[PDB]
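Based on these hints, arrange chain B on the given structure of chain A.
There are 2 protein chains.
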Amino acid sequence: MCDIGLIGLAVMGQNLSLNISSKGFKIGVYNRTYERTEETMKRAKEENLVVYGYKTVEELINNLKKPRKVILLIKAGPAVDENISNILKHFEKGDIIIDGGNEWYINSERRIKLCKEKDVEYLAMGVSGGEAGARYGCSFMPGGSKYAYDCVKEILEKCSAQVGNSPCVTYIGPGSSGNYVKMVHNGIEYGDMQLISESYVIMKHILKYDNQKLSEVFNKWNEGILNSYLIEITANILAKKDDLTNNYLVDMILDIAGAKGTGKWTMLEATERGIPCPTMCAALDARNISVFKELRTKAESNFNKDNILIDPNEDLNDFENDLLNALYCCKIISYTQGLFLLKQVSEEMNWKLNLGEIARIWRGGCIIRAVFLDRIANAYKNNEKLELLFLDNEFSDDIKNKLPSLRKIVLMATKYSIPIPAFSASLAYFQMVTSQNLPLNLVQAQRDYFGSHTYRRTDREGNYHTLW
Amino acid sequence: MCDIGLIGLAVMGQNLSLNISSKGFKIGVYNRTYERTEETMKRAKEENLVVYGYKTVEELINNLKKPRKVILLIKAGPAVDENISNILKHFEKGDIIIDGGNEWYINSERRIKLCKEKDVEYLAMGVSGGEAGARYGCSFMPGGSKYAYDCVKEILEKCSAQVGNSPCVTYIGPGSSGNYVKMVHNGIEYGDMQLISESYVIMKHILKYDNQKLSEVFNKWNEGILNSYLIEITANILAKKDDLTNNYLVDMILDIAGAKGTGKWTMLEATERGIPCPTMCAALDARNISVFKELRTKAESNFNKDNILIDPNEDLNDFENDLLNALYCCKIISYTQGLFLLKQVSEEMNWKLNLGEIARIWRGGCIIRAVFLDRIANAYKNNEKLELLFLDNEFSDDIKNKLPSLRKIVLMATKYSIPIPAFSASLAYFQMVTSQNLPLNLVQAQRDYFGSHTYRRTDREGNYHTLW
Numbered sequence: 001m002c003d004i005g006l007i008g009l010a011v012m013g014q015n016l017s018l019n020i021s022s023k024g025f026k027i028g029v030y031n032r033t034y035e036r037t038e039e040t041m042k043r044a045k046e047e048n049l050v051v052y053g054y055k056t057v058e059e060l061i062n063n064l065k066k067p068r069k070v071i072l073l074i075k076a077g078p079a080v081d082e083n084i085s086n087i088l089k090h091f092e093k094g095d096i097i098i099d100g101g102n103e104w105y106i107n108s109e110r111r112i113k114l115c116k117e118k119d120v121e122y123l124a125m126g127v128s129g130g131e132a133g134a135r136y137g138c139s140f141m142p143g144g145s146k147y148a149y150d151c152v153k154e155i156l157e158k159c160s161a162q163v164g165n166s167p168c169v170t171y172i173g174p175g176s177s178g179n180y181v182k183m184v185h186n187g188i189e190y191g192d193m194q195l196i197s198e199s200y201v202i203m204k205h206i207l208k209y210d211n212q213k214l215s216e217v218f219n220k221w222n223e224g225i226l227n228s229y230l231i232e233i234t235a236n237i238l239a240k241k242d243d244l245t246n247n248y249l250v251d252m253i254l255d256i257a258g259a260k261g262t263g264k265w266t267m268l269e270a271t272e273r274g275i276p277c278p279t280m281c282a283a284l285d286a287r288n289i290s291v292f293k294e295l296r297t298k299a300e301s302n303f304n305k306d307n308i309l310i311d312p313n314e315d316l317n318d319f320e321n322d323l324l325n326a327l328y329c330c331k332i333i334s335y336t337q338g339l340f341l342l343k344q345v346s347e348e349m350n351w352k353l354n355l356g357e358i359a360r361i362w363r364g365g366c367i368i369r370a371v372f373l374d375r376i377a378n379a380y381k382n383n384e385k386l387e388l389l390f391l392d393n394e395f396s397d398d399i400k401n402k403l404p405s406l407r408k409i410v411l412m413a414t415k416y417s418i419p420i421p422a423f424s425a426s427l428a429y430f431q432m433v434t435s436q437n438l439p440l441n442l443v444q445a446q447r448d449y450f451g452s453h454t455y456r457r458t459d460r461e462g463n464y465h466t467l468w
Numbered sequence: 001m002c003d004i005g006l007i008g009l010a011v012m013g014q015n016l017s018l019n020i021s022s023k024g025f026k027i028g029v030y031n032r033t034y035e036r037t038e039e040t041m042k043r044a045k046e047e048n049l050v051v052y053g054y055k056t057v058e059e060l061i062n063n064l065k066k067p068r069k070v071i072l073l074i075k076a077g078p079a080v081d082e083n084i085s086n087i088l089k090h091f092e093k094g095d096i097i098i099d100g101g102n103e104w105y106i107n108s109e110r111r112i113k114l115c116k117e118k119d120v121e122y123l124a125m126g127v128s129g130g131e132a133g134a135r136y137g138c139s140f141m142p143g144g145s146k147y148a149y150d151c152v153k154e155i156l157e158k159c160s161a162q163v164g165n166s167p168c169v170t171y172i173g174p175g176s177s178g179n180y181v182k183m184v185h186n187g188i189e190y191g192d193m194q195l196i197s198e199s200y201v202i203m204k205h206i207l208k209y210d211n212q213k214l215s216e217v218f219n220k221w222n223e224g225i226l227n228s229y230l231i232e233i234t235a236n237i238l239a240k241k242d243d244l245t246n247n248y249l250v251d252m253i254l255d256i257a258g259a260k261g262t263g264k265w266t267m268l269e270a271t272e273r274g275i276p277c278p279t280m281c282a283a284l285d286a287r288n289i290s291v292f293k294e295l296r297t298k299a300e301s302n303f304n305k306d307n308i309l310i311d312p313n314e315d316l317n318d319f320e321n322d323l324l325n326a327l328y329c330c331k332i333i334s335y336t337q338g339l340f341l342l343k344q345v346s347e348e349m350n351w352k353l354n355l356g357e358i359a360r361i362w363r364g365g366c367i368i369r370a371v372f373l374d375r376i377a378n379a380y381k382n383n384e385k386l387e388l389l390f391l392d393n394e395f396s397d398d399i400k401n402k403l404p405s406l407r408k409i410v411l412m413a414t415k416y417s418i419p420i421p422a423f424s425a426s427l428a429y430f431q432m433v434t435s436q437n438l439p440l441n442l443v444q445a446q447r448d449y450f451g452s453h454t455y456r457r458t459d460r461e462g463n464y465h466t467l468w
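Chains as they are written, first to last, in the authors' numbering: chain A, 1 to 468; chain B, 1 to 468.
Only chain A is shown next, with the shape it has when bound in the complex:
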């Protein structure tokens, strides 16, 4: 009697089941800890929604309409694998499994094959949106069996974030491609947060803004081109006051935030495949450096970081707005890397990704949600062969106009010893990608000198070795 089943009831699983029930579907629900199943049934009652809770997995399977559809929301590990083996004992041909956890795409392919051994269709689907998006509308990135996609197609459209009258869901492609896109989403997310945090330090230590002015400036950026979900919450976060002190709450949070899970994976994949992603290096550098706080505090003791004395006649009259352009400029540079990675891998995997559709479903629901993504989607609507994003005519002119703002931000942060790795990496990236000739001619010569690795020439074909 149920349209769909759901396994795993954290607050994200609870919100999504109420979201599916909220759109008129008969939702079955399971959790190994039964108390969470009941807590979901309580709030369903208080929101005048019906969710059927079961106590064992196999008791849930029996109450779904055929072909059976189950969403998995188990923390990645051996537990997701046990459940799939357990689900397979009772499924038959045509039944559908949907894994919604953040999974390394190789594990999903390996399961996608094991399930076709039993004639079960698998759908590895990334979901982004936090608990709020889980309840009211998030971005679904399902990939795998096209057949499985069409049977769940209705349900995912209505529970996804709605931008205009298009839902934030699309068929990503075959195999484990959806896991991969959700990974690259988290990669871009890591870059945006680092670029934002570097804007926080620049205005705090160069313009000497207090937290109230900082929150006011971020709200003003969120009305302009930098309109984004993360820019909005930074305005809220920097304004929030502590209840246990007179301080601002953000100034009382400890700065140890390591690179967890899906962040490393996109960088590992960029390293292995030779697709450079400098802005994510800088973001991961920043996170990994923060774990060694004890070593950082003894480091600063030896190298005194004194207060920053701004030069009295240094031109800062337009600086806030130059920083606004620099940050926009780095977002173009940072997304150019991310979408380039996705295009290269899509070709190596015969995935046929539609980056116009990937950008479109990221306009709402997900964490990197922003008006800026709607602009990326139009770049691909305008040319689907587009290889680098800043080679679009409108992004081209944006770069040409705002790059001097980026050069001014890096010049001033360098002058006053403010660490800005993501701004530096993005500017350095842009200069290199736009350089027809790079000094790797000397690198090839050095390698031929000591290893006899040969080199190639500008004027003629073939490998050449020189006796130096």
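Where hints are given, some of them may not hold.
Identical copies carry no separate label here, and so any pair may be met within one copy or between two of them.
Said to hold, decoys possible - Straight-line C-alpha distance at most 30 Å; calculated DSSO-like pairs for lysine-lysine:
(1) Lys-55 to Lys-220
(2) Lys-93 to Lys-23
(3) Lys-241 to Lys-220
(4) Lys-402 to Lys-298
(5) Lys-241 to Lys-23
(6) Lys-146 to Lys-118
(7) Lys-385 to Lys-402
(8) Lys-204 to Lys-408
(9) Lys-66 to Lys-42
(10) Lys-298 to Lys-381
(11) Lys-415 to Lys-400
(12) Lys-343 to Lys-305
(13) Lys-415 to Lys-208
(14) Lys-240 to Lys-113
(15) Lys-343 to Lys-298
Read the hints as simulated data drawn from the structure, not as lab findings.
Chain B only, in chain A's frame:
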């Protein structure tokens, strides 16, 4: 009748075989294509040395004294395991296998135990030095069976490069630790090449030096604190003239040099372990970027970097001497990242690496050899538990005196659109690692806002969730 055997006779294997016999040892030698084996004998004869060449693997094993010792120098791949399975068919307990190839350490770890099952002692040894070092003296990095180290010790001490009269060989540690340190060596090597290449473009495009002046500057840098193998050969490289044109040869080498092999490995391992190596991103990004020449050329057509016209309002009277101090300063920063990775992995693997001895054996033979490495050895002799290299008393003052030169080179390259990722990453890394409080408190707050990932505080115990 032979002291040791060697498999693999590329020019490097041929040179090492001539080296081992020139020091009074009887060495047997084999190569799959027998034609190279015979050329090794011809070079031995014309150089009045004796090398026993065997057409067959089997005849070489049957002429080795006990305990039998064979070195493997085969291109990494399935061929390495073929010989080891074949060699293990004829070896007995107490015999030794020495893999000298550049191997991913995990592969070596599996081979060590697969060998101990037949009571054969394994020694995974990294070697650096090009072919010139192979013939006259290289850097040996053996790790594995301490028993195996002692049986081959005499040969490695006499065939290693000699600095003073101490040989460039040490017992690194157990297992595959030797492969790992050769890996970090190549990781550091990549950065040095990138930093030198960025010094090249700065002097070529800011100071407008020709290849003759460039060669002159590098040599006089070589007479001072930058004394190194890599500074020496780029001076030679920049002076070399082409025979097929009237140009300098370096200007006729094509700039496509992708990252291949042990380069990506150091970055893959730093990403996975959460140890930041930003200078090694920049080196790998620059190499990965260079492969896309067609795209770089299309990119520069749209973003013409037409004029590089130095404003004659700029103080460049000390700029060349600022760049030397800038380049030296990044070497300390870059080696600080490299040695920090080595220390952390040694703690996770119970390797108990002696970083003073690693530095000692890198003073000659290897590609990164430099007087600068002699200070690193003493820095660790003076302080055995030294956690960051630039926290040593005399490197600390070195940073404090030379960092203002580092800032000016970044400043001038930013103003004039000169891509210098390794110089920028090195400075951002330093400013971050020396900062007691970084803006990751804002990152933690954002993560708690949308994901409820909780945060920790400045003032108190425990986990905290906030409703923002």
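Requested in this report: Kindly indicate which numbered hints from before are broken by the structure, ordering the numbers from low to high.
Outcome: 1, 5 and 14
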